[PDB]
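In the form deposited without this ligand, a lone chain appears below as structure tokens.
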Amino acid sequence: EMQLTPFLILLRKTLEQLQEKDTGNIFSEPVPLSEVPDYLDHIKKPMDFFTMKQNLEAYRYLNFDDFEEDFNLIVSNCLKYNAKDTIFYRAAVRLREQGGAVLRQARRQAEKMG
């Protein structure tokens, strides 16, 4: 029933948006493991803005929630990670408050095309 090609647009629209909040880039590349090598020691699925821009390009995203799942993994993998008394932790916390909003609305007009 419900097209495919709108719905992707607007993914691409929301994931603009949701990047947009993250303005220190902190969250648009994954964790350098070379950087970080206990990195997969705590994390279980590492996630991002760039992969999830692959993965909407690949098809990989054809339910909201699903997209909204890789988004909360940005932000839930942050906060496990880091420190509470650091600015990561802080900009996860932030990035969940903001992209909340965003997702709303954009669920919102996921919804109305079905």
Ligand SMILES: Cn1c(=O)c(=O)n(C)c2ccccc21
The other form holds:
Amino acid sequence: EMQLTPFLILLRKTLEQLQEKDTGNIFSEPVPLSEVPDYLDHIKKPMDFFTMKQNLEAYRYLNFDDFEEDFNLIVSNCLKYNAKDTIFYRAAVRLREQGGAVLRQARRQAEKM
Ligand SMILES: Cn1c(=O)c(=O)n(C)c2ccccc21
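Next up, can you give the form solved in complex with this ligand of this protein, since the form deposited without this ligand came first?
The next block holds the full complex; its first chain is the one shown before.
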């Protein structure tokens, strides 16, 4: 199939590119549950870019689809929790659009391995 180290290098670069689309850094760290006490009533699996980085280095992403699944959780959790008329909801829509393009290019590079 493919070698581990170039794949992880690609995922590290891809995660950096996704974070660059989140210009407010609102997805950089976990949603603060102390300030959002009802969050887990709605959200089954919180996700954020710091957690994704930890998972990457813990060798928890060994195919592109598991990496993309967690990125999609960042977006979908935000759309689910927040009302449509909020900056947060719109930011997740924009991240879905801009990040989908980053992911398509990165997946093509993975398929070259
Ligand atoms: C409730 N909440 C969210 O749903 C969210 O997506 N982000 C990014 C949040 C960021 C800070 C505080 C609360 C948040």
